[PDB]
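Below you'll find only one chain, the form deposited in one PDB entry, shown as structure tokens.
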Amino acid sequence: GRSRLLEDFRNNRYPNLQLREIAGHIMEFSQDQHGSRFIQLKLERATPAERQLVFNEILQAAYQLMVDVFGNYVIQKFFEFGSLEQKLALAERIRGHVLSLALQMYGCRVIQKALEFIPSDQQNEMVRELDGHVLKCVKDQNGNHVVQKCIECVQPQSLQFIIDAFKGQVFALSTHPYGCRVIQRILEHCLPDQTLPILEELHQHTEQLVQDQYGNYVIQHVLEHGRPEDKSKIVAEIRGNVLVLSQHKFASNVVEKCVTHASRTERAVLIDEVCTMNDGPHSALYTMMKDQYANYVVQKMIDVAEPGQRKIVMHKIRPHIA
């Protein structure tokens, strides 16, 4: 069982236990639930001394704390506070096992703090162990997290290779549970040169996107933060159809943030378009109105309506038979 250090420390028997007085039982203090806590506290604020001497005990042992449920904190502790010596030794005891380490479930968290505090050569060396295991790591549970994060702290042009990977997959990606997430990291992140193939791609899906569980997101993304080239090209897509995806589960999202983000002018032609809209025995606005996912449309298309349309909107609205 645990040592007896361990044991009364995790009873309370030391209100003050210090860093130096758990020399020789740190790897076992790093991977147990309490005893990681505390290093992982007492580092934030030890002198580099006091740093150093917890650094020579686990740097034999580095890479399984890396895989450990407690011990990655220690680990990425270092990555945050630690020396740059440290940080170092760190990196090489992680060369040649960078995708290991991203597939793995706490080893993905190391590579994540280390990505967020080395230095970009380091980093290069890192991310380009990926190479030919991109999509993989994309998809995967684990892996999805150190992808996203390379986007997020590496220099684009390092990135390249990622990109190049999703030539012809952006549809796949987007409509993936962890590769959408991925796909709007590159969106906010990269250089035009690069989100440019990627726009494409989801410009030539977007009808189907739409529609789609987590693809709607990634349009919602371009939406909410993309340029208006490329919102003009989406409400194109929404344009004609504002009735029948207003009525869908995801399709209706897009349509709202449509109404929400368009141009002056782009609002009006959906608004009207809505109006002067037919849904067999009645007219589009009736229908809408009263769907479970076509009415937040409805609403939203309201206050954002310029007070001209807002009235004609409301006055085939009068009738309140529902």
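Whichever C-alpha set is largest while still superposing within 1.5 Å between the two forms counts as the rigid core. Residue numbers count along the first chain shown, from 1. First, how it differs from the form deposited in another entry.
Relative to the superposed rigid core, residue 23 undergoes a CA displacement of at least 2 Å between the two forms.
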Second form
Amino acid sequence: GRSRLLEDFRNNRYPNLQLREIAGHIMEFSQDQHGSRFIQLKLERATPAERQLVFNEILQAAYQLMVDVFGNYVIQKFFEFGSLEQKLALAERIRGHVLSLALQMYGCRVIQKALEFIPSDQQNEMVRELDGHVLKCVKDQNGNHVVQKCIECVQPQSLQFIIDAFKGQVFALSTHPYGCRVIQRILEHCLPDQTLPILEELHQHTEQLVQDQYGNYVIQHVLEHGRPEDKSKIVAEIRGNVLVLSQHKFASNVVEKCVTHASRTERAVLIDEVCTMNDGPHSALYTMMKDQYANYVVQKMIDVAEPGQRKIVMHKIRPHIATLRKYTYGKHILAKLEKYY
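Switching forms now, from the form deposited in one PDB entry to the form deposited in another entry, please provide the structure.
Just the single chain follows, nothing else.
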């Protein structure tokens, strides 16, 4: 199958092998496991002139190498360290294949690499081909990364269609394993008038989103990085739901995050809520102190409360210390209290 030259190379019959010596075998070498690594390493220390000799052969069947397990690496090397003309010639080779490459395990890596190192006008050409196929890519294990790289590297103006695709889909994709990460890149990069519709749908579903295994991360992203107004809407939804949401595997992390990033006044109001709520027989606090998730929340409130409110809370916990030692998760409240005592 291979060439004597490639078989001989695989069987270490060439310790002094140079790129010059494999002219005419570049394609075949690029598709070989060792051949590819050989080319990748020699190219790192090749003069611009030597790199061009290689490029001449990789150009014609560029597509064939882009979708190849090993050949994709040789292509990306050229986006990383190539002349402008080489990078344009490769972007010209990608033209009309963006989507099919994006949805492919190796091809997608070439695309991501290209977005990072081609000129803005060329990025804009490349991304146009994703228009109509956003959801397909976002849901895709490989494609979703191409989309994230678009958001990171491309002028936000060129991506209105991403936003437009997400309209009515925010909830669906904030609860999707790959869509949630895409939402998190949008909140980070896309313009205010572009996040605006995204934030609107998030606020409409926050109670539900905090209880999702992925959604909860979206809501916490806003609590950590968003505008004060956004943070406020979120804490307000959480507030009045602290007791139940504190006992929920997923949303319990969101109540902690609200406790950390809420205004001093908001934080105090949330801590006050659990202090004054009475879940039947005993306090909502008591319920939380023996719960598997909420014990964390209570400890969090202890660490972030202003000293005066922390004291009140501690003193309110005191009456139940003897009981708390019997329940599995109680030890953890007591550990925390002991730090402060």
